[PDB]
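For this view, one protein chain was removed and the others were kept in their places.
Note that the chains are named A, B, C, D and E in the order they appear, and that numbering of residues resets to 1 at the start of each chain.
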Amino acid sequence: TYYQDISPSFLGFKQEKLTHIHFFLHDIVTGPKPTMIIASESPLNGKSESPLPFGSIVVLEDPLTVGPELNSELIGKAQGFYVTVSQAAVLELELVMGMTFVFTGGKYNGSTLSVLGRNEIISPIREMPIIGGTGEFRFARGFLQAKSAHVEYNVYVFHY
Amino acid sequence: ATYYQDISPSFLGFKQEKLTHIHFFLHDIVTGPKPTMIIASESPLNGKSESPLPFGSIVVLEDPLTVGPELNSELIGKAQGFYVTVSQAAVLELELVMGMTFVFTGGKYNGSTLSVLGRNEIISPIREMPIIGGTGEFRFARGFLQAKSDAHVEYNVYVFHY
Amino acid sequence: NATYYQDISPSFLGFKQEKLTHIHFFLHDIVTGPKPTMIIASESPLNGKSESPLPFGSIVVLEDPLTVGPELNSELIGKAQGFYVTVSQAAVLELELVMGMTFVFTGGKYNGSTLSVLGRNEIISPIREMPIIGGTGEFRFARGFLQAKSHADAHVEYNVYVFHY
Amino acid sequence: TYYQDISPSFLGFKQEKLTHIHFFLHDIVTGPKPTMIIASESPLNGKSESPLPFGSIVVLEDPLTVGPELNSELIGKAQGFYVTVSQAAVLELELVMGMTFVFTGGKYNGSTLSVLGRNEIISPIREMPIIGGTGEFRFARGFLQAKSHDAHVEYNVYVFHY
Amino acid sequence: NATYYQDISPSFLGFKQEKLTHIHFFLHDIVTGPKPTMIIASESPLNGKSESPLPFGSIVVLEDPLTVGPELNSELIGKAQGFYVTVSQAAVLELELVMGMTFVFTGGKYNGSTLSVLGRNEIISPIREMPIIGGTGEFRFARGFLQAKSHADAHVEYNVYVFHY
Partner (left out) sequence: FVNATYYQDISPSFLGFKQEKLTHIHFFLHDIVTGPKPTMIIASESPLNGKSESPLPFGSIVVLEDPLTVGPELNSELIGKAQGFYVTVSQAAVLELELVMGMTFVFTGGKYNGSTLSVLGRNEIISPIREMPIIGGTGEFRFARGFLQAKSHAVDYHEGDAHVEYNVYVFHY
């Protein structure tokens, strides 16, 4: 009535904001042309029983949609690579992942987040850290959470 | 086309600081049946000076705070405190050091207070003074206050708190 | 579990970590004896007109001892000095105060340190809160608040919560 | 020289700066117009072997100069009041001060600082908190240290601000 | 005017204040000659099939000089070491890279310190912004971003802004 909480930008301060981003990643392995490929197959290709033996390198350019249907509203790509890092895994596989997200659509059109984290696919919820970012996401500090082709993503990141 | 939302840091356990604009009118009633201030102790050179408040006078006050400049508007709080005349020249362009607190009555900040110790020359249009601290919703306050001018002053208060 | 992790002070990397300190003491107000700790410093001009023991516009000066416990015998660890002003024109017995006082501790870690306070004191309130407006000593750069507890020659329980370095 | 340290405002951040202010406060009692008057002596004047009994109130307008000589460059004035909070003894007076510093001349022209704290005049060094400030000292969190050298006390002021 | 004031560093009172620094150097990617600065550590499986020189899934590993000025003969600042991968299925000339690399600095105050980087990179875009993911040495707790500028062998202009202590 006689008071309002305003933005520190009024007095010229650059407060940090917390931003929750939601989207779906589609790693597509079957199709006329898919989205990820084996950049270098694992030396134990012949011996392991795993479809992706220890030490496979995969690179990927997965689209990011607003909802779980593939033809949902595109908002960005996830580009980068993962690497198979569980010697014992056969199907329940474990990955280290180095991907960046690039967004197109809205405030964050052009802004990118970077990730490097450990993803053990069998887990219901999988947590990797938001390493940093560009554009609006400069000075990013945060994490993400992937549930599970198409994976639900929940990103929380501090920036300005 | 909205895959994002700027959530509050409280969602993750953090307690970010906030900036609040407070706006209200202060009523120094000097004449009438019960006035709002009184001269708790007078300057030992009262008759000598042509000033109504010779250097070294001490007024105590209790001025109501209203949403609008009419005294009848919604009363949101009150200023209590004192001030000291601090210019020797003086006469009518008085200079005061004021120590005073604001209490509020209703709203988010029902019951919270703000304290201020500062300096104003009444003759100037903008007078700035600091928010030295606060209680309640205004714990840990740090900010400033801008006053615009039997009397009614316009107050703009910018506070950081949590 | 043998343990391979411990939390350390940010001191070890040269940072000056902000600490929150909880200070607990009793403030005795001796109105008896040949040396009272308080005094009306400037009575109100409406002294005779009003029925209050301390009418609108009175000014009190105080020099009160601070002890670790509620008995005066307990360790003297400080002293509050300052002043306050009655700021209710209505009040007869339900006084409203503005206080400008500073706590100087003579005690342990904080011997020589001070906290300053300017705030409001409704004397009907069972728990009254005032803000820590700044400090010196270990209490340099202090931000915080303060809570005084007492119902209506006595004493008063202080709990202080003050961030500093 | 392939690298250089830049201020955070290049990226639009409002970084906090630590400022050291040096000046001399002049405490004039002798002469045709001094700088402090006794606004209210205590009800224990004669009953006290003391020039300022417990409970005296003094109001002050003191000039702040660059050097120790009243003639040196004038940069501001201290205004406010202080209250004698020590009983008996005397010469060993202890005072709680509420004053503000208003600065002329400089990048801090028209800016103020506020102080409320405890002055044991005996002490060689006396420390007091900077409780808030205005102008360029909005949100000031700091302290000052006064060194006891008519009088002229050396002040050294250490203020965080934006 | 005789100035009565001065700004100090907060370390005068013990604090370890954030610092923001600009670093400006040139990175040279010699892809041609007797000794280049990178090699194709793992060729992409779709070599014959793709038209681009560096097909999706290629891994390059680099150890590139950093100079203060754009001539390779310029004063040497440090190394950029690391890897990148081509992350665009359709690109033929307008490639897209996810890059992972470090900068060792042998120069002045920052001798021995490192910064890390992991981000996107559109080779043909004029301004290429990548995050500073962290750092060692003086750049512990590094936080920032970096901008690379080139044109439609090589040398690329680098401007990095980093917060640290």
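One rule holds in what follows: a residue touches a chain if its C-beta (ideal position, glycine included) is under 8 Å from a C-beta of that chain, and two chains touch if they have at least 3 such contacts.
For the chain that does not appear, the touching partners among the shown chains are A, B, C, E. The omitted chain makes contact with just one of the residues A:63, A:76 or A:117: A:117. When you scan E:3, E:42, E:147 or E:150 for touch with the missing chain, the hit is E:42.
Interface note: of E:17, E:74, E:102 or E:150, the residue touching the hidden chain in the full complex is E:102. Only one residue from A:35, A:50, A:84 or A:134 touches the chain missing from this view: A:84. Even with one chain removed from view, chain E keeps its contact list with that chain: residues 35, 37, 39-42, 59, 61-63, 81-83, 100-102, 104, 114, 116, 118, 133-137, 139-143. Hidden from this view is one chain, which touches chain B at 12-15, 162.
If you put the missing chain back, the residues of chain C touching it would be 1-10, 12-13, 18-25, 68, 75, 77-78, 105-111, 161, 163.
Going forward, only the chains that are shown with their structure count from here on.
Rounded to whole angstrom units, the spacing between the C-alpha centres of chain B and chain E is 53. Chain B and chain C have Cα centroids lying 23 Å from one another.
In chain C, 42, 59, 100, 118, 133-134, 143 are the positions where the chain touches two or more neighbouring chains simultaneously.
If you sketch which chains touch which, the pattern fits none of the simple shapes: not an open path, not a single ring, not a star, and not all-to-all.
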